[PDB]
Structures are given as structure tokens and as C-alpha cells.
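Asker: Once you've looked at the hints, dock chains B, C, D, E, F and G with the ligands against the given chain A.
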Amino acid sequence: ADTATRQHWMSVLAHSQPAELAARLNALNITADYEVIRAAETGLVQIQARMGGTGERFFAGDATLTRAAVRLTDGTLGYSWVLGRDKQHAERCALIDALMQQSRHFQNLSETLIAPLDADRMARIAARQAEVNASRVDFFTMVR
Amino acid sequence: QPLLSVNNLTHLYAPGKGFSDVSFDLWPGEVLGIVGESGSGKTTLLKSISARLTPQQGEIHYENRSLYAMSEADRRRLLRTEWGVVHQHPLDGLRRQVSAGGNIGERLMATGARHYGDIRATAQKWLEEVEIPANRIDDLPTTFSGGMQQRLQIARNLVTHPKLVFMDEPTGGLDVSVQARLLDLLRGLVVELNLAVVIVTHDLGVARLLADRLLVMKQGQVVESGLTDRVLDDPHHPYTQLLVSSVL
Amino acid sequence: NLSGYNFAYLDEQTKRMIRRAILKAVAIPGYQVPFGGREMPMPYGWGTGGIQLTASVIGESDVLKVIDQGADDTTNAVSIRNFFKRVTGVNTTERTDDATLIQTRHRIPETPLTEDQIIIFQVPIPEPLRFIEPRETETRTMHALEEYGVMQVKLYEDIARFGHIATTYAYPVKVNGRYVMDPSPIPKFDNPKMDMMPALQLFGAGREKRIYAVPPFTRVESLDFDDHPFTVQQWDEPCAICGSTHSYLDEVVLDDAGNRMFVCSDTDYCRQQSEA
Amino acid sequence: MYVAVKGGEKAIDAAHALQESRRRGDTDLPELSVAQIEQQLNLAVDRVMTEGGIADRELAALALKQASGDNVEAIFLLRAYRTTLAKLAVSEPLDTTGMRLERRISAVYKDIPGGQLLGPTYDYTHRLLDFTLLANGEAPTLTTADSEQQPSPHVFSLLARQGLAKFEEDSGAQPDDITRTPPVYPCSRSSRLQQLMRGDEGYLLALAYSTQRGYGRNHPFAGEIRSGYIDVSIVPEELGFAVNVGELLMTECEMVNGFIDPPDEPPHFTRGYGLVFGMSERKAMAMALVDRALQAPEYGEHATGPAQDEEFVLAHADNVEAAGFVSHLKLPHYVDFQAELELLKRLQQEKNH
Amino acid sequence: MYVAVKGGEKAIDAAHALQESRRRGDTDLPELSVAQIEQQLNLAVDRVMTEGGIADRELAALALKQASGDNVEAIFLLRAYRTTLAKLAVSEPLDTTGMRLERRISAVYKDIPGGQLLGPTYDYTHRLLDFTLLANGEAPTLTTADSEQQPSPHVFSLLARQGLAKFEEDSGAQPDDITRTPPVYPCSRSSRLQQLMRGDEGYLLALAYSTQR
Amino acid sequence: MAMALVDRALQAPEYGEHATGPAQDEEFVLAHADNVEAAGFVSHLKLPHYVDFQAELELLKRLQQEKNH
Amino acid sequence: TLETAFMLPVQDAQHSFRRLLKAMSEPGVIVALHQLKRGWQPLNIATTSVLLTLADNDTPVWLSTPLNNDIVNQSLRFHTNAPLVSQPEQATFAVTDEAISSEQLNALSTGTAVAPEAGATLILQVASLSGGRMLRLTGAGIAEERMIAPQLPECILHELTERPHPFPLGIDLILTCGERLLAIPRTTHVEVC
Ligand SMILES: [Zn+2]
Ligand SMILES: [Zn+2]
Ligand SMILES: [Zn+2]
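Chains as they are written, first to last, in the authors' numbering: chain A, 3 to 146; chain B, 3 to 250; chain C, 3 to 278; chain D, 1 to 353; chain E, 1 to 213; chain F, 285 to 353; chain G, 2 to 194.
For reference, chain A alone in the conformation it holds in the complex:
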């Protein structure tokens, strides 16, 4: 069932900020010899939407998507797909994807890299939700 965990940490990497991810990865002081089998390339991802939110598919434009791939010494392949055009960010995400598949870095990086990034993103999301919910319109309230 490692697919779900790999999806989780890949999404945490992609949704991260290049500044946050770069700073944390530099702080970790963790690096293993890797080769970029796929150079970080920024192209398009076609946006697919649904009529009425649930109906037939239609095309709703394109977004910028960057992808990179890195092979570690032992042959583990790490991939990345991040919206935008930050190729160094994509390379870092691919490197972390490769590292997280090694038993030496899985738990360590989950405790030190992925979980903290997810927590920071959740914290800022909650703050934004508070600011937004300040704008809610109240009509009725239960009274005992």
C-alpha cells in the first residue's frame, strides 16, 4: 500500500513552496549522488473540467507544468510534476521522490521533511480560512 504514501508525499512536495522546500532541503544537509535522466522541462498540462461540475468533460485551458526525473546510484527513479515553471523546484521534488523510496530516508524524511511541510501548508490554509470566514453572512442561530 506504498502507493498512497508515495502519492501523499509527492503532493506535499508539489504543493510546497520552492522557497520553503529549498530551505528545508538545504537545512537537512542530505544529498545522494543522482543523475537527471530527464532534464527539468516546463510545458503545458491541459485543464479538464466538467459541465455543471459533474457532467460531461470539456477543456478549460492549459496551465504550466514542470516535470523532472532523477535516478539515484542504486537505480531508484524519482519523478516530479509541479504547476508552474520552476525547474529547480521540480528537480528537488524529483530528488525527494527518489530518496523517499529508499528505506534509509523514508521515515527520516517523513518526520523531518514531508510532515513539517504539510503542517506549514495546513497552518497557512487554516489562517486563510479564518480570514475568509470572517466574511460569512449570518442569518439564523439556534437558541435554547
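No wet-lab data here; the hints were simulated from the structure.
Even for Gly, the Cβ is constructed at its ideal location relative to N, Cα and C.
Honestly, I wouldn't trust all of these hints.
With a Cα cut of at most 35 Å, we get these calculated DSBU-like pairs of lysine-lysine [what the hints assert, rightly or not]:
1. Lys6/E - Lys351/F
2. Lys220/B - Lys19/B
3. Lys6/D - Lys190/C
4. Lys165/B - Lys19/B
5. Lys220/B - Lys165/B
6. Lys87/C - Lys110/E
7. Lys127/B - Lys190/C
Which bits of chain E does chain F cover? Going by a derived footprint, with three or more residues having C-beta under 8 Å, they are [claimed, not checked]:
8. 58-69
9. 137-149
Have a look at the derived ranges for each label pair, beta carbon to beta carbon [what the hints assert, rightly or not]:
10. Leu9/G - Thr7/A: 28 to 38 Å
11. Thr170/C - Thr162/B: 31 to 41 Å
12. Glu39/B - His190/G: 58 to 68 Å
Answerer: Here is chains B, C, D, E, F and G with the ligands on its own, set in the frame of chain A:
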């Protein structure tokens, strides 16, 4: 052996409409006419035999090769170099934006004539053959009358000297005198050449004047093979008698 | 390489697809090979099919010569040359002699095309018989059926309607003896130049997205009649600059009252003659 | 049509230099960066992203800067830049039920499960010019409330569970892609929506306004407006499982339109749909209204307004085509006009000797 | 029993606070000035001036800044501000023949008196994004030529003196003012022109493109 | 340029021309040309309309209860 | 498990395409693809370069049994993202060695009357393409005539000399050996001489 053999050709796109269990043999130099009501499906049979409509079941042999077993290119070439088709409406078989000479010489150019002078001379000769004046060769079919347009279509079909010509009632919509003169010209052309003619008509007069052998189709099936001056004057099948009485 | 852009301005997927289509077209001379690229907006009308081919086949070491109606001074030709200088950085020359890629609109250069050269023609319409057949379903099949007599109809009736063959532009040809192709609206004067040319000619239509190529030393013959052989009317007027009348002459307008003059369309050959 | 023109290279280069120097403006002021434009002129970037077709904030802001603030030129720049990019993947269909809401409103009910979340909106502001913006200042502090999002079911789900409207079911039909094949009219609804999302905002706005005033009325109700972040997901070939590549800020408009009386079904409301990048919502509302208007053949209602005309609406909504058409008329047509002069002069002689 | 409570004013005030926070954007960046928008986003300013009805570049730039770049919102801001101000006077009809030409071109005549003048334009440019604009820079030093401007009479003056056109002659009629009274169709050409100058440019561009068909 | 083209199109009545296309329809073009009116009256759908929609709901419920049950 | 592709994909692909275009537009000419310095064994440099420059998601590849390999398949699927088939019928860029069976070649798609460009493009690896039976080439792309003596199996020699598929139908042969390549399209008049 017969030039054209038809065996158990059947096609029913809709219930009743169409034709079924149709078979016959046609030899060179013989004119085979088809007589039936509007719903008899004789038009469907004419379309099917002329490499246009694919039959549901049956076999058509030309010379020694199955008609529909040939490739699309082979049948398309056959429809323009050795077979002729004369639709009821001349505009259907005539290219409106092409002069009479151009329409006549289109077949020759397709064959690879590549000679403007020879093409024009052949077009003028065929216009003279079908009685069309040669002074208006550069004219276009739109300006020609119904009889003249039919004659131009006949010339276009016969420019290649085909050995088999289908005619889906070209006389329809023509006056009695014009129709009679056109039928006389068609008979003269048929006797002069050795090409077979398959005429589909809704009236027995055209078959009597032009056709040599006659067949009767009712509700999409052959009723009784006929012959000139025998079925017309001595109808056997009750439906044939009813048709003769209605015509008279 | 222009910053933020791919080399030759095209994504590598469109390049690869167009390259595959070009190879298929070369293997099938005269056949309009379809390719399923995307829609790309461009300011200048010329380029929907020519700029795509140039971007697909242009390299860093190529020398590019952009030609509009034979001229290199044209605004569109200068714009396209500058565009390819920006997005590829290639060298550009005013001489057909020193060029390795010649992107042209409706004109073959006067100078003979030598080996190791590719000439690209913008094709507004890749199938000449679009003026007759509205539905394309029969158009594709009639090529296999070889029913090329239909396009002979316009040639036959041109003399009837005018007394002479006036189809001096986009005159149809039969290449390799098999495939009827319609080059760009090049003049009748240049149609002979396509016969067994040493260079590789590429034709690209964008609004239809069809590519066809003429391999070097390929037999292409003008479509005509034996009684009316394909002939090019000799020019009896000279060029106002160099004088020589051995090259196709275009018209340049000098005033607002209609005054004009004739000058060699291929400005490169015109300069070669003038400097002589 | 196409008049070949020679001898303007020096003048054209000088004109471009003048244009760039005017775009830079007075050099005493700082140079308007792209991050500033995307952060502080966010609605212009929303429109340019939606119409150009690339949901990249920085690229749209750069195109706006290059065009000196012109939205049509910026849209042209972004649309052209879209050609140099490789299509790396196609996302999973967006699930707007998972949208992280910055704003959500419904005009069909007083209150709904989830609440009327106004969010950031210029609505209800008094449009009195704020001259304090002529100098620097400080943005207001944001009052905070419960940092939670309540279940915000789509209002159309509520209407459909009552039988008053129909769920939009997925038939599995492959969406049409105008960015690969030019539209052929009549075009399926997916092609119509794709073209509407790329149409000029100020023209679809006017078409929707015309429908409102009675030129093809569809009795619209803002059934729901949502603005928020939606996760984008792809299924790479290298892997086999869906990965999440990021989130896009988008606005979705679901219109409740007039009800119909099907021959063998209970009467129910119709519905338009709009979907745009960013928080520019009037474009989404106009998209929904014109979508409902162009659904006329689906409902078998004969067009009575220009907005119900598919060819008229869709053949001219593209900014790039109309801008190129208008720009061509500027090009030197000295020869073509000389032809017209001769044609006109003959008419003058024939009708006046 | 769900007693009704008041949350409307506190809703809209919070919504407007969020909107202004969004307008200011990230605070680590300097707040773009009205002068910068006027000098560098000059085409947006031109559109807002034309459609809002006030030829005041600073006001249009302020409207753009306050509207978060939303051109329609800035246009409406300027249009609402129009009501604030009083009509001090009415200018004499403009004389476009005395223009100090930044740009002057014609697509019908090559040799127009005064000479063709491309001026500042985006025409003939390649629609290639200038990624060097992602960072600071400066435009090239401007080339210079003769500093004198020749008289530039209208092209349609030439067309009229040649009998090919009709000279537009003022009959002394009083122009219609839609800002004073509501439109009454059918409209005089003055009313139509006044309305068109206020018309949305995308809508009018689409209509002009449709007239091609 | 767009203003000039639309002005020429709207000059139809004084040239004795027939409106062939919306662009030459004076009332349709002018009534919706104003940006402020169109933007305001399209954005006003964001205003609450539950009183009007309730009137629609009641009728549709009555129609549903009679068409079927 | 993965093989490195072009060092510089764009320029290397462009150069390989120009070399292949020179080979194809002038059948019989020998060109060298110096870009890739190591093929995907058993594939040689020419075959790998051709696949890298032309193959993508829209071009299924049919590697033959002697050439089909797990590492080759993985590298091809990764760098080019092209679908991999196992039957020649659905192929678009077939790859085979001199051991190509007659049935395999006959199964390769040749095109169609309406879509003559829809057929496969056989790629053949040979021990050498200079030493063997003499062969004269003429037709489109040939100035006067070219002499080539490549080591072909009898099946493809019969196909070339006695093409049973009428023009425009037919596959386009590509001889490969190390870096060097040669192209024989369907329109080349090839005779034993
Ligand atoms: Zn000269
Ligand atoms: Zn023009
Ligand atoms: Zn309302």
C-alpha cells in the same frame, strides 16, 4: 456466355421496398427492358447492377469476373471507360459548369487523350451523331433543352464506346414527339453498334419502341420474363394483364 | 535560443510530428501528407505552413534566405528572417548561392538550386481541386483512383473562356509521373524549374495542415494537352534596374496616380546582374 | 488582402524602439515589475489568463507588462507563447466539490448549508474614487473567525435532490479541442464552453446583457458562485497512479434558468455553466448566460436574439482573430486602393458625364 | 427556533477588507504607484480614459489601481466620479488638423502630405514574450532624425478634392448629449458617436469583425 | 478603428441600407455597448433573489404536483 | 534499467533528422549519425537515433524478438513515451534484424489507398551495408544511378526488387549499421543489375 449474369440479387433497405430474387442473363446486342410500378424497386435494381448499390445477397458476373468482387478503382474505371449510365435527369449525369464539348471529352481526357484538337473533333462528331448542332459545342447543358440535354448525356456515355449502357428512363419529362424522336435515335445507335442496353421505364411504349426483351417486376420480385410483341399483346400473368389494361 | 522559448519557437512534439510527416511525404512524392499539429497564432499571414516547416528542419548551422515574391526586402520576409534570427540565431544571406535553407512565398529563385539545399514553399491551399470538389471524402480517394482528369477540365475550358491558358499561378503539375500536386502560387515561369531539381523542395500548408515534398531529381511535368503544350510566354520587357529580361519581372508602384515599373522579382539575381 | 511592401526596416525598428521606450515610460519612476503586476493588478491577470489560455500568473503579468497594460495585446502574447510549450499531460477532470472556497454565494435562497461567504468582492462598495491611493498606505488588518470550512454542497445538488432540476450526468463523451482542430458549427457543448472561456470578456458581457434585456431571455438565477483553489491531478505514464501537481484558483458559476415542460418528464429548471481562472466572476457569469443561450438547439427553442446565434457568438468572440483582422486594414494597401479608385471613377463617369 | 440575527454590515465590511488586502497583494513588494501605471500601463489608462469619459490620465491610473487592474471596474469608477464634478465649460470643437503627430499612417496613399510616420506602435512586432522584462532593464537609446514636422492635412481632404469622397461639413446642428438625456432611438450620428466612444472595446471590436462577414 | 467600423455600420439608416447582421442594428448595438450598464446588470445576479425564486419554486412545485405525483 | 538518450535532445534530434532526410530524399546515400555515442544494444546507434528523433506517443514501436529487450523497452517507453506493441500488424516504426522473417515483413502495415502514409516504416539492422550483392538504385531522389551492396536477407531483397505493394502503398526501408545509415523509400526503382 451472356455478357451480364445476375443471380439471386436481393436488397431491402425498408420493408417491401427494394427488390428480391432477381436473376437474368443479357447477351451483347440485346436490349433488356424492365417494367413495373413505382414501388416495384426497378430503380433500386438498376442502381445495384450499375456498380452503385451493394446488394444484400446475390452475385453479378460481367464477362468472367464478379462485378462486386473487383476493387473500388476497377469498378470506378469500368463505370467511365466501358459502361454507360443515363439518369432520368441530364444534370445528374452532366457537369453543369462544363460545356457540351467538355462534357463529351471528359471521358477521353480521363482515358488519357491529352489532345485538345482530337477531343474537340470527337465531341463534334458525337454531337453530329446524336443530331445536336455542332455550332453550339462550346455551349453548356443549362442552355440546352431536355431533349438536347438527353442527347448530350447519351453522347457523353457513348464517347467511350461502352458495351453496356443502363438508362433510368431518360425519356421521362419529354414531349410525345420529342420522346419518339429520341427513342428512334436510341434505336438507331443501338443497331449501329453492338452495345447492350438496359432500359428502365414505367410505360410499355418505350419498351415496345426500343427494348427487344422485356421483364416485369412487381413489389420487388420478377413476375414473368417477357418478349416484345408477346407480353405486350398476349399478357399471361394477371398483374401483367392489369398493367396492359391500365396502359390502354 | 530565445529566452523562454524552444529552439525554432516550436515545441519538440510539433517538430517531431512535422518531421515524420516530411519523411512520409518524401517517401510519397507529391502526396499531401496530413499532420495533426495544434493551432498557432502568428501576426503575418505567411507562416502557417512555411514557418512550421522551417522551424522543423532549420538547424544552428543553416544559412537562411527568406523570400517574398522573390524579394528579400519585403516587410514580411524581413520580419520572418528576423524572427528566425531571434529564435534560432542562424545566419542569413541575400544570395541563393550561399543559402542552405530558402524559405520562399510563391517564387523559386532565378539562380539554379544546387545540392545540399532545401527550399520551403508556403501553400495557402494544398489540393488544387478544392475549387471543384467541396467534400474532401472523394478528394482523398480519387488520388488513389488516379482520377486526375477532373482538374484537366479547368485547363480545357480556360482557352474557351479566354482564348489562352491564363492559369499563370498555381498551375497544377504531375510529380513522379503519379501524384498531381499544386505548388504555391508560383508563376508559370518557375514551373519548369521544378523538373528534376538538384535540391529538396518542401511544400507546407498551415490552414489545411498538409505537407508534400519533391525529392531531388524528381520528374514533375506541367499538366496540359499535346495539342496545347505547356508553354511560358516569353517576356518582351526589360528590368528598369539591370535591364536583363531573362528573369520573371514583378511590378513596383512608385506613385499614387498609378505610375509603376517592372523590376526583377528575384532581387538577388537582379543585384547579381546589376553588379556585372 | 496581401500587398507585398518593401523598404521599412529602419523605420520599423525605430518605431519598435519608440514603442518600447514609451512602454518603459519616464525612467525616473521605477520599472513596473511582473510580481507587482500579478499581485496588485490581479483581476487583469485573471482576464488575461482566462482568455489567453495559460493559467500562469507570472506569464500573464509579463504579457501585460510587455503590452503596456493592453489586455488584447497581452492575450495575443500569451496565446502565441502557448505554441512553444509541450503538452506534458492532461489533468483529471476538475472536482469543484473539493474546491477550497475563498468565496461562495447563492442568490436563489436566503441562506444555504455552508453560508453566504462573501469573501473578497467589490460588491456593495460605494464606487467613490479613493485618492489616498495616489500615495502609499497600509492594507487593512483582516478580522478572523472560525478557521473551518463547513460542508458547502453545490446548490444544484440541492435542487436536483428535490427533483426541481437535473443532475449533469457524465456520458463519457470525449471533449472537443479547438486548440487542435478548428471549430465546425454547430459544435458540441464542450467546444462551445471551451470557446466561451477564451472569448473576449467585454463582448460576452454585452451578449449576456442583451439576453437579460430580452434578446433571447433565459430567466437566469445565480444558482451558485464559487471561487477557490482546486487541486489538479494527472496520471503519468512513468507511474500508474494519480499524482497531485498543485492547485489553481478558479471561479465557477452555475446559473438556474427558466424551467421547461418536457413531454414525458416533470417540469424542471435549466442551467448554464461558467468556469474561469482567478476570481474574475463576471466573465464566468457571462459565460454561463451565453452557454444557456447557445443551448437553444439542445432544448429545441428557435433563436430570437443574437446571443442565441452560435456562429455569430462564437466566430467573433476570439480576441486574436478580430485584432488581427483590424490590424490588417492598417497595412499598406496602396495597390488595392488604386484598383478601387479606378472602379469608382468608372462608375462616376458612367452615372455622371 | 432560529431567531433572525444581523450579520449583513459585518459581512460586507469584512468582504471589502479582504478585497483591499487582495488588492495590496504581497506586502514584501513595493505598492505600485499611480504614476507608474500611468507611464507604463499607458494603454490600459487610454482605454479607461476613453470608456470612463474623463480624459485625465492620473484619474484613470488611480481607477486601475483601485480596481485591481479590472478595466471595467476602473471604467465604472471614473464614470461615477464624473457625476461628482461640475461642467465648468464646453471646449471649441477639436481641430485634429493641428495635431502634433506622434504617429500618422495611411493604408490608401503612399505619398500623403506630411509623410508617413509609424511612430510608437506594436505593428510588425513578433508576439514573443520578452522574458528579459522579468528583471530590471532599460529601453534602447532612441534614434534621432530631423526635428521639423511638415504640415499634415487630412487624407480625406485629398479624397474630397478629388471627387472620390464627400467633405464632412458642419451644418451648425447642436450635438446630442446622452449624459444629459436618455438615448431615444433612432439616434443622430452625434449621439451614436458619443455612445460608441463610451462603448466597450471588445464588444465593438467583435462587431467590427462581424461586419466583415 | 473598431469605433470607426461600427460607426460606418450604424450609418445604415442614412445610407438607405438594410441591417444585415447585429452590427448594423442600432438599438441592439447601442443599448448594450455601454460597459457600465452591461457589467452592472450582469453582476446584479449576485444580489439575493430568493423572493423571486420562491415565486418560481411555488409555481414549479404546483406544476410538478399536477403533471405527475 | 534505463538508457541515456540524446545528450542534447533538440539539436541532436534535428541533426539526426537532417541526416535521415538526406538519406531518404536521396536513396542509397550513406549518412552517419554522430550524435549518439552508444546505442541501446542490441539496437545500434542509427536505430536508437532514429527512434529518439521520430518516435513518440503517436508512433507504436514493434521490436522484433532478437532485438526486443527489457532494458530497451524501458528506455524507449521512458525517453520517447511511445507505445510498445508485440505484433507487426499494429506497428508504425518496426525494428528487426537480418533474421527478419518473411511473415513478419509481410504483416507490416504498408498504408492504404486513402491513407498511404498510415503504414509502418521498417527499420533493419545489418552487419554491413557496403559489402554484398550489387544493387542499382534509380528513380526519385537519384540523380542518374547509385550502386549499393548491402547485406540483406532474401525476403527484403525480394520485397525491394519485386515490390508487390503498388505505389503509393509500401514500407520505407532503413538500413542501419553502427552510426551509418541508409534509406530506401517505397518509390526507389531498385534492381539487382
Ligand atoms: Zn533586374
Ligand atoms: Zn488586405
Ligand atoms: Zn434580478
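Asker: Failing hints, ascending?
Answerer: The structure conflicts with hints 1, 8 and 9, although it agrees with all the remaining ones.
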